[PDB]
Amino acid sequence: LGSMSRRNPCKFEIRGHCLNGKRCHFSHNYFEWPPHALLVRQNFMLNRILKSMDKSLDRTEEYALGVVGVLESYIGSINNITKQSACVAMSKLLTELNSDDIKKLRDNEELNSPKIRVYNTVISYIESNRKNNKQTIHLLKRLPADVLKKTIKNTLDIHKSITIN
């Protein structure tokens, strides 16, 4: 008939690599895992590969707000958000976006629509931020509050927009 039983996938392994040696009784053999476990492991591992190739507001309130909450809070001068913090979070936001999405938007516009100007500006900041975020940050720090908060607002709008169409 077979064995009564099969071994379940190891939860440590689903998150990366099990560090428990032979002491461990769960399965570490991908050929016997159900698909869901293998799909979950792939997402943990992709996060790890991506983090380990990255180049270089950790407190409780900032974490709960996230980069978006911090940026929204700076624009409304609430929650005690400095301009320094808002400029780091902005780099983080720009790293999360990608130009190719701005470009699909950009080409849905009537010619010399004013929105084409804002797109190309955000696109420009993504590229710069990709090259060197530390440079890019400084650059945001020199912008006057009013214009900074407007660029930010533009970026957040596009961020949301891309994700809900």
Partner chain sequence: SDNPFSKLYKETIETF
Second form
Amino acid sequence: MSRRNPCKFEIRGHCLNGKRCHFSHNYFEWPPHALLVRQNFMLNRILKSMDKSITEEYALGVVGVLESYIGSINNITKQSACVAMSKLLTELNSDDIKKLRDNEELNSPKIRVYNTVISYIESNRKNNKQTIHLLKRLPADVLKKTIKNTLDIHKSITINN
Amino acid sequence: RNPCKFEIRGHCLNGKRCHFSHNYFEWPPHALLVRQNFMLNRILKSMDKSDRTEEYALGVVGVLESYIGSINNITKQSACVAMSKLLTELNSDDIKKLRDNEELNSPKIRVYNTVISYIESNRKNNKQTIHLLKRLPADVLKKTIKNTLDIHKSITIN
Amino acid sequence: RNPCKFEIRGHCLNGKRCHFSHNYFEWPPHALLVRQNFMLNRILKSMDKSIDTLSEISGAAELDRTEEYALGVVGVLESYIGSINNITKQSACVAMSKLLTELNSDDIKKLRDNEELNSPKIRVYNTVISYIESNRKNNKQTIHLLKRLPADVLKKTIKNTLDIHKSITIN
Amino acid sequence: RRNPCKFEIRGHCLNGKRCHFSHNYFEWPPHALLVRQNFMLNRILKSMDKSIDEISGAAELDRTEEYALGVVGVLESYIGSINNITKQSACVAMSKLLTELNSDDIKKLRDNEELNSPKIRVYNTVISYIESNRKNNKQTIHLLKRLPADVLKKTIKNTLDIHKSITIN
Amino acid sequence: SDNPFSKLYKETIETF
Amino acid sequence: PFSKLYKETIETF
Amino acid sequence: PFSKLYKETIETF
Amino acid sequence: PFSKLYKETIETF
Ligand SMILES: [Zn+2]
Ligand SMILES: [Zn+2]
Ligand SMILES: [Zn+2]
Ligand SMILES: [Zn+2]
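Please supply the coordinates for the form solved in complex with its partner chain, as a counterpart to the form solved without its partner chain shown previously.
Okay, now the whole complex, with that chain kicking things off.
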């Protein structure tokens, strides 16, 4: 079905150069890798398109911001850390924490930690604004221990299951 | 330079600190395949309207299969929350394909239309569906569940 | 381990009881490709809006019936045009709405652009494109409009959209 | 059994039982499934977009080389004052470019600039045009509308530049 | 007075 | 608006 | 409600 | 508001 060279703009989304584009916009003739890359870019779009949540802190990442808050460095405000923590909750999946939770021996202290993080992930899923309201109310040592344990879990899930 | 493991699951939150690749052009195809599965699961979960470890072990199926034979701490108020989830896993189209194979006036057609309407109604409003499933006579609820479970089993096993 | 069949169609519901693989990293590509398809199908129904608010519209429930499931939307619409199979006007308007949800304006515009600047097809294409777009903003209002159309005019609107449907698809 | 439907590859087959082709993804080659996903993704997204409407029926008022041109052509042609483009219709295409852009890619561009570099302010403006357009695109269009000729022309010019930058490399 | 959940109640009874 | 489309549909077809 | 979760968070950390 | 953006644009181009 005649393999041609895919349009780079089409790979990233939708080509906007009208008919003056001399590239393939027809998927039937795309190598499979072009088609895999495009889907990832599109999924990102579909996901940002369902969001009505809301300087150089960008260099830090959501993770760097939160570690800074915990480590009392870089002057991270409580509000900015609740906001980032909501971004981190959004990234996790209860179902994963549940399988971690299931490995724990009966009456392990880590079990209660896991259930509370699930409550935040779920609470953050229904109303992230109200969840940020909550994270702001927490005592600052309690907020730092909470963040800490979620980054622990985040790092833990990602590297192996 | 390998795909960022955090990126495969979603979005990397490590900022400029990250050593790994975030550029989908340079990824092996399998990374890209795995990533779209995480991403699709996420897109789905966030269009939803939603010990407790013993229940998780069983699974929604385990939980429902219990309540049918009245054991393993099986309850109504919970069996209905399980039922709700089962129905979310099902869609109408498969039931219709099953419905198209029954001869005329064959009684299964009526169960199929009831399940279908349970699916559709579960999609409008899971709470009022659970409210309704929690309102049924135990023996009749156990029959609805029994039947939906069968339907669920057989769609997959071929 | 082999991928879990249930999981290929969505999400396993069997707990630890299940002997199959739920770990996407140890899956063949093909299982990963099929799953992404069942999953897209599910996503599209939930955000489908019109695919859910149709409980409340007349002529809709008849499309869910045995005889018409076998026909499909296209069959239902051909039967309306053809005056076989006893199809209510209000059913073929709902079916019509379903056919338009399935088409993409930009395919018509590329068909539109191949035409000459005297082709009578250009007017039909632009009317069709305007149905696809209206139906996307507001299909209740579009189903309503469809139903006001004189039967003969409506049947022509359907016949042209069916033809367009085909030309886009096989070539 | 059979080949992939081809009505299914593009979305969902509507031919019901009469169709002889395969609707069963298990028996489909990988490429077909890849193509389907692409068509299906394009639809999902389109269904979340707020239509900027049935303004194709308005080819009565005679401005119809907006397809051959494309959004970029139209924007480029509004800028160098050629091909008669209404401010109003170039505000429209502008909104279509900003939908096409990702804020995160721009944020990445902003890193590679020195501090106090005047581009940081442009990137940041571009970014919140992207952010504004994602929510309310009538207003963003009606804002771009109430923007002086030479401000609008400039804004777009840097948006196209960035747009090009990001893709080619 | 007719809601979908109450017809579906009676629907389930008449069927099972 | 939708009246506009009714018009053009009759004028076509 | 969200106080349910605050009560809990205090306890676990 | 959109007000702040109107200013921001004008100032920057
Ligand atoms: Zn192109
Ligand atoms: Zn990374
Ligand atoms: Zn399984
Ligand atoms: Zn087919």
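In this text, rigid core is short for the largest set of C-alphas that superpose within 1.5 Å between two forms. Shifts are known only where both forms have a C-alpha. Residue numbers count along the first chain shown, from 1.
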{"item": "Rigid-core superposition between these two forms, with residue runs of at least 3 whose C-alphas all shift by 2 Å or more", "value": "4-7"}
